[PDB]
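Here is what each chain is made of, one letter per residue.
Protein chains: 4
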Amino acid sequence: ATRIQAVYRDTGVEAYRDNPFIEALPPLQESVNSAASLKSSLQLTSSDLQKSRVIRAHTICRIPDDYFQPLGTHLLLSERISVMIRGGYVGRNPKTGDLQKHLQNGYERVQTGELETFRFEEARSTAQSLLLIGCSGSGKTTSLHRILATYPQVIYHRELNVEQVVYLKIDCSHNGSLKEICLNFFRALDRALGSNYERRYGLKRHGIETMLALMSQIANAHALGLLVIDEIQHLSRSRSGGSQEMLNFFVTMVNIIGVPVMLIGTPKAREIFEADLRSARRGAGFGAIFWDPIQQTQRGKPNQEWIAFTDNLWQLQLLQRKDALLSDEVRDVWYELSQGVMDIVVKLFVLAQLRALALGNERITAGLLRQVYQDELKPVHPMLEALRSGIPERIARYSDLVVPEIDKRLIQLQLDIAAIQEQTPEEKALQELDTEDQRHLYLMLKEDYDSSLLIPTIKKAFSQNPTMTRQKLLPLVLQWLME
Amino acid sequence: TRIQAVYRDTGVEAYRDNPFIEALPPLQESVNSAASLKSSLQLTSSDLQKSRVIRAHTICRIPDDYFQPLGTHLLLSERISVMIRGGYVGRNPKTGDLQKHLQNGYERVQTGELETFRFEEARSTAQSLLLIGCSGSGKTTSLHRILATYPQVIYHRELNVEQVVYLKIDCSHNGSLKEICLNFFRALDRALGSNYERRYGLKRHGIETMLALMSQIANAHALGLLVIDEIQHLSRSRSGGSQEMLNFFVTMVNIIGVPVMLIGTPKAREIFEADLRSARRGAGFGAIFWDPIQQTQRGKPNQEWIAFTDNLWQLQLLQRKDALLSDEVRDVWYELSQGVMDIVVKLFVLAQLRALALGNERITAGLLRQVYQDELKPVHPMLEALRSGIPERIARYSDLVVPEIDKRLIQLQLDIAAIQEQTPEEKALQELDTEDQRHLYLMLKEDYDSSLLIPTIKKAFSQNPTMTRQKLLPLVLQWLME
Amino acid sequence: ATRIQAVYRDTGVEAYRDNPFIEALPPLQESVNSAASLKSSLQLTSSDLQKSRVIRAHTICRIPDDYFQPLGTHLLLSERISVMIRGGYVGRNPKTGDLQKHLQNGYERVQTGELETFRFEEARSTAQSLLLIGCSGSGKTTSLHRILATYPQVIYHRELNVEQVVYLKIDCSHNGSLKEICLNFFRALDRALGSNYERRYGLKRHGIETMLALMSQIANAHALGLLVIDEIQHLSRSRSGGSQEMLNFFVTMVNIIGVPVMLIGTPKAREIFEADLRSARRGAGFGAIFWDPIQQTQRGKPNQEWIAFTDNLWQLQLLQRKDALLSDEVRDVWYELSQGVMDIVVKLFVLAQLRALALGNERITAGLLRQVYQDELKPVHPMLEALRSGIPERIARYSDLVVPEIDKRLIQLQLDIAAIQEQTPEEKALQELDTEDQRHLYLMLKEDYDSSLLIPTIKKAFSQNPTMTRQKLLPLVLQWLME
Amino acid sequence: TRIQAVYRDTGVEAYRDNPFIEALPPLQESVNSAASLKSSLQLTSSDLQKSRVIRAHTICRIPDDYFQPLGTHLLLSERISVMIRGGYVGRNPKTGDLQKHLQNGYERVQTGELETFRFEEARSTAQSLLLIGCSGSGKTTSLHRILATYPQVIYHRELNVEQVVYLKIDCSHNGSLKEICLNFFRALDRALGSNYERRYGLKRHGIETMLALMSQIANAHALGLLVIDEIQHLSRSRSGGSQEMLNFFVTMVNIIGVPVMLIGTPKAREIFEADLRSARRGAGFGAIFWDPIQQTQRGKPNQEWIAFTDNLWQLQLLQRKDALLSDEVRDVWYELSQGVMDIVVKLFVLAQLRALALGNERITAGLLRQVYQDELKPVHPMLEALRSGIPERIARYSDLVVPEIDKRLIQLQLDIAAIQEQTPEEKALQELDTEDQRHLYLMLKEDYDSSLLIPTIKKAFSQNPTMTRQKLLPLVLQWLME
Ligand SMILES: Nc1ncnc2c1ncn2[C@@H]1O[C@H](COP(=O)(O)OP(=O)(O)O)[C@@H](O)[C@H]1O
Ligand SMILES: Nc1ncnc2c1ncn2[C@@H]1O[C@H](COP(=O)(O)OP(=O)(O)O)[C@@H](O)[C@H]1O
Ligand SMILES: Nc1ncnc2c1ncn2[C@@H]1O[C@H](COP(=O)(O)OP(=O)(O)O)[C@@H](O)[C@H]1O
Ligand SMILES: Nc1ncnc2c1ncn2[C@@H]1O[C@H](COP(=O)(O)OP(=O)(O)O)[C@@H](O)[C@H]1O
Ligand SMILES: [Mg+2]
Ligand SMILES: [Mg+2]
Ligand SMILES: [Mg+2]
Ligand SMILES: [Mg+2]
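Residue numbers (the numbering used here), protein chains in the order written: chain A, 1 to 483; chain B, 1 to 482; chain C, 1 to 483; chain D, 1 to 482.
Bound-form chain A, shown alone:
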């Protein structure tokens, strides 16, 4: 409930002027670069690399939750959501009379008076329902959260008495029911504002059509902008009924409420929406946007998106014996291991580096990734192979597997790794030099020259000179390597 006083900006577009619902929203000019400025990545330094192994493991355990790199389609989705929100208030101007009054006074103007022609049906071209479809585990939900967290949920109005709910979310659970969607809407609406609509209308006595009609009444009462329905895949097909009647329910849901609606679903939901999507008849709506995994070869050349993302992710590792450069084959092996799917790309790193922290040397190679895939990605094999196969039915039918119990596995492996006593060559050198952490400089020195000469000579140098500047150490240690 981020209630703010309704401050009225001025919109350059003449169509959106004078509506208390549109000008209360954030301005368009400052939000142009906000979509591309939404990137968030962990700031790492050799200080964090210096810490103990268990602290490093804890730090690298939280990679898949605080990392985000925007892609090309991530801006198209933002633009579509913005135009969907700001194109759906032209009909609900509170100060000006409703649409029917406009139609009636226009029709009396054309009869006698002076008005040559009137266009009665004004097409709702700017705003339409969207039927987001993409393979499970591609990044649909998190991108939606980070796009939609920019708009404040509640903007209270004082001159009028209306509560403006800019957006809303509905989340379906496992094997849910049709009435459970309406109950989820009621619960989320009560959560957002503080109302008690469940007490008044949440009784199971009424039918589903009553829920729909009362939902329309509530959505007309409050200024409602967007209605997002999430994870259509989880709806059970047994107790629900026919796919035809589920499609009829969704079509009726789109029309009755009167505000734009956004649906998210698996490619198996395309089977449900086969009938309504084939038809090109106007008024059906349901424009489709296809999320796809990152492709490599476009115009015969490797893509820039994958290279940039791979470098930016590879910069986020904490290993003593890593390799700075990235080989073409090293990239390729886990490319065809992962097939480009977004969710398992970070999973492969967060499993492989963690496993290498206990298997031995702290380096990444093709064999390590192959072993990790073969011994820790057991369920997701057929979908990953079918994506290479390319048969649309094979891809569609065997999707929607989510390889559960990942975080528990990460914590169990973390505690297993923490249960250890074996030494490593470099920690006794760290404790040998000092606890003052001049190992920050030692790392810049040790990679090029043998430690058996540096450690005594840097100890003598630090005895005669209490602490050399980090810039000035390398020339003088060069002098001792030159003597």
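Quick caveat, the hints were computed from the structure, so don't treat them as lab data.
A couple of the hints might just be wrong.
[As the list claims (entries may be wrong)] Calculated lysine-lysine pairs in the DSS-like style (CA-CA distance at most 30 Å, straight line):
#1 B/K458 - A/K301
#2 D/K407 - D/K321
#3 A/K322 - B/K459
#4 D/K427 - C/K301
[Claimed, not checked] What follows is a set of in silico ranges between Cβ atoms, one per label pair, in the way DEER data are often shown:
#5 D/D275 - C/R394: 48 to 54 Å
#6 C/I307 - D/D322: 53 to 59 Å
#7 A/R397 - C/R239: 44 to 50 Å
#8 B/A212 - D/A212: 49 to 55 Å
#9 B/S215 - C/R394: 45 to 51 Å
#10 C/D171 - D/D275: 55 to 61 Å
#11 B/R157 - C/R239: 21 to 27 Å
Even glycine gets a Cβ: it sits at the ideal position worked out from N, Cα and C.
Add chains B, C and D with the ligands to chain A, keeping to what the hints say.
For chains B, C and D with the ligands alone, kept in the frame of chain A given last:
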């Protein structure tokens, strides 16, 4: 669309006192009938300087909001107005009480004073029309915009009837009569608020029962016009017989009045009208035939083509655009698109999108040829047939359409957003040809800002042809210091 | 649409203290005189007598609409409806919390603390749903139409953007249906509010439950005072469905909406609700105020109501040969002629003057009333004798009977009055005499003797002194006559 | 009425950790619970001057708001509380996972370590109470207020259950079993929001099937009590005979727990208890016999009657009233009403209304005798049997009820409303008695105002009696000009 009715007089003799006709918009000449359909986009001058994604979206919005009234729409508008206003004469609701007049005439004819009388006359005002034209010539967006002037639902206070002016049905994908019959109900229950589909559209009823049952609903609401489009699909299917389906379309006369308009590709005409009793009912009010625009009328350039192309060209969104359209661009446009209406605009839209993608920011004939060779693969035989000039061969290739064209428009928008990503840092960050010094430059990034450090390693290999790397690591700092 | 800004009077009763909805209503301190001020009547003078017979016919035809004399039951109905209207807003207090918050707070206080006892009885609806059963032709509809129109319909508030609809009127028609009442409520709300609720809520697709569900929402949104369903007698039982399920439907209407509701009917409709009426159960409610015709006698003496109405109605006669005093024989006869039913008593007197203006002498006789009775009370012969019988079944069977189309018959009475040739001697006397305010003396003293000498004597005096007031004229015309 | 649940500890050991008991209002001692029930009208100090109708309405409202506790109510409250909070120990929803405990007990019994173990405990029968007393003694008004403290629908959020604490069933006049069975569903889906009647109470099932479905429905929701009122209509009606009437109430053991309560008139005892297996189920938790109060207790006056009458006496609303009650009026009440509590308040209300009607404006013995002899006729045999005291004679007439009392009250209200008022100018018309007076009045209105007109008319007759109207006029006008 519940528009209340207010009456206005009409000068026509036969429509003097009729509560259905007088509630419609007044009669208009050809000055405005073929001029009110015009629409165009705004494109203020301040919209040229914006992000590339917004411009791509605005370009993609073009084909839905552009309509140029040609020299043919006036005839269609006049025919539609005449057919709508000429089917209400036989269904006058406000009738002077005929009981007393009929009885008085009855006594006068029984006593011998009056030798003749007209007691009652049935309805004889059912006429149809067919409209066929080549695919992509715009037979549907030239009908929605014409019929968007008349409001659908009119409610009268004096009586208790609702006037459904027009209703549009589309044929299914496989082709049979029963889905048309049930889709009439499925398209009727949406304009009003009702539940006709579940109450009447049951499986027990046969086809003849549905046809005899449509009349009661078509008389309860004063239906004016019923347009059936995409009649193409019913040429050959599991309909039970071509002659049986033709018998259906001719026994659709028993529906009360309601003049109907049929729309189909030129493949429908020869197969579908091959008998006198059905041919005379298809062209009951003239069969309007359409054709693509011709470049040369009689050796003189047509003003229609010039005006349409110039008005389309004045709707361009590029940073580097030439204001005037050179003759070669128009000539190449007509050579590629070949005249059909739908391919004239698709070439322009795709050319603009691919010019945005390539970064040329200019439209040229070579780019149009490239797009026509690239994306319009399935339609080529139809264009070559129109180039040939053989009427039968053109009739054979007359139902070719681009598949998943809306899908391709999205895939061209995705590439736009990727290339726009460009930041000031990688004027020095994005070059890997400097050296492999980036192995150690990672620590050098935090040491100082690379005001000259990136040029320092850049000047390192320029100054030094070859040197051992292990000596370069401190000597780069020597170059950094000096 | 009397959108007056709410002026908040103060009422000394503790229950109505500081309620924004209640205070906007008119005050009740001298409403007894206001309730007794409903009386309305035409103004008639002696001038209208000398007009032509068509003008008198129009004047007589104007009497039924603009005559109203309050009786005993009107005061009781006014006070009861005032109690129902004003007691209906103690629950929906806008400034403080609603009912559910009060019950929850009471439960939380009785749980622990020292609030020993809390009563959960709450309000049954908010006032009893009165059922005003009475015989047709008694005058219910006009009584409500006048005593319910002294309250402004809409009180448009200022700080709260809500409309305080104070009363409403549903009305069924011949051969109605169960869903027709639900549709008509929505349709009639538009005329009171000016909106288009029928477009969004009046779809025929909705079931009977959804109509009531939406009615609950809209009745809670707009502060509603009353809901007067009228003419249940017109409904047909078999067309709607099960007759015994109508009582279930009406109980569901009373329970869900929550605002006070008052039905109207005839003893034919009583058998629908008789199951709840016989039981003294609290919660069934449906208290009945029985409407009965005027009784002639009280304690072995004529009832004062009958004579009080009779004299007042008898003062409106403008007969030319009329005597000042009403004779006792006709007083005895028309009660048994009409059984005291309120509607037809006035109708007999209306038709008597029209019949006497054409049949001959201008007076009132028992035979004239008998002749009118056989003329224009043919459809109501069975019900009148059923009332005479006194058996409840005979009265119940013959209820709902009304005379059709009396107004059209009045027009043909007037047309027949228009076409006549011969004239009365008094018509000759008024025509030949200069009847410009000189007529009054002649009329007031015409019946003393023959007017043959009177016609020139008044002229002699008037020409003797043209300038006189009638006040001084009367002694002189009286003095010259006796000579 | 969906009150959310907040728990509280209970001192009783057996009600340890069971939400159903602990979600209810806490225990109170009898005197407090039997003293918190009293209520009375406001009786504002200065509301003794008003219109007659408003005061008449206030007096008519008296019977619905006057309640006064007595001795038996505390015992009734204790029994009701014990029944409601003693039938919930068998059903404790909060149970730990009993699979492991039961299987471990089975293992230790099987291996020979243990010797005995109680696996599953099943409930047996149910408690029941019957409350019988002569009609009009307050067996329903004293039950709609004792049960008012307990909330009806408690909602558990941690679980998903609704606790329907109490439910009131009333048999109809027919007395058939299926009416009771369907009325249970009516009351239950009136308490909650549901449609149980259509889902279960169809015509298809027989009596045994609904009787068995009541158990499932009363275990799905946690019932606490079930009171059946007016059982006297099941004595000898068309319910299949007294044998099946006994068998149905005996077979009502199969309903799970839910201690039932039976209320009836003293005649129902003989019909309802004639077999040993049914009487011990009727009086399973006592058998309290109500009886009207008496003036004396043991050679001395009873204080409860004194308190009841004295407290009732102040509540009257009259212009001039004797606040200090005279003992003669109390003796008159005990002579007429004889003790039954229904008649005591009705006599007072009717006497007050008739006192306002007559204008005597005082409550005295004569008015009480007149109203008792006029109105309360049918109740006479019961009172005359009460005077004698013979058990068979009093048992013969313990079912009589006065009808049409509400209609009589409404007609009395109309009578006192129709008093109206007489202005002095209007009264002047009534002053004129001879018909000639009124005739001369009617002729002589227009010229003269009535105030001066009536006196000179009256002296005209007081001076000269036998002299005619036309001869009267000159002398009247002679008086008038002067
Ligand atoms: N563009 C992205 N950049 C970085 N991480 C991403 C991106 N998209 C998805 N992820 C990662 O994928 C993980 C799971 O994605 P999720 O939203 O669950 O997809 P889905 O809902 O389809 O399973 C997230 O923890 C997130 O870190
Ligand atoms: N006069 C016109 N100007 C510009 N575009 C037009 C015109 N007429 C039709 N179109 C284009 O044609 C398309 C519609 O073609 P349509 O009528 O569906 O073909 P078909 O009748 O073969 O189905 C629209 O997208 C519209 O852009
Ligand atoms: N005080 C009165 N004076 C004259 N007419 C009355 C009076 N009260 C009622 N009426 C008559 O009652 C009639 C309307 O009541 P009625 O038709 O019985 O109601 P409903 O239509 O509900 O049966 C009117 O025609 C009116 O003449
Ligand atoms: N404690 C009481 N004090 C005063 N009046 C009472 C009391 N109990 C009952 N009454 C009166 O009894 C009437 C209801 O009687 P009821 O209980 O229905 O009789 P029964 O139990 O025979 O059906 C009420 O009008 C009420 O005034
Ligand atoms: Mg998801
Ligand atoms: Mg088409
Ligand atoms: Mg009526
Ligand atoms: Mg009782």
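Which numbered hints does this structure break? Violated: hints 6, 7.
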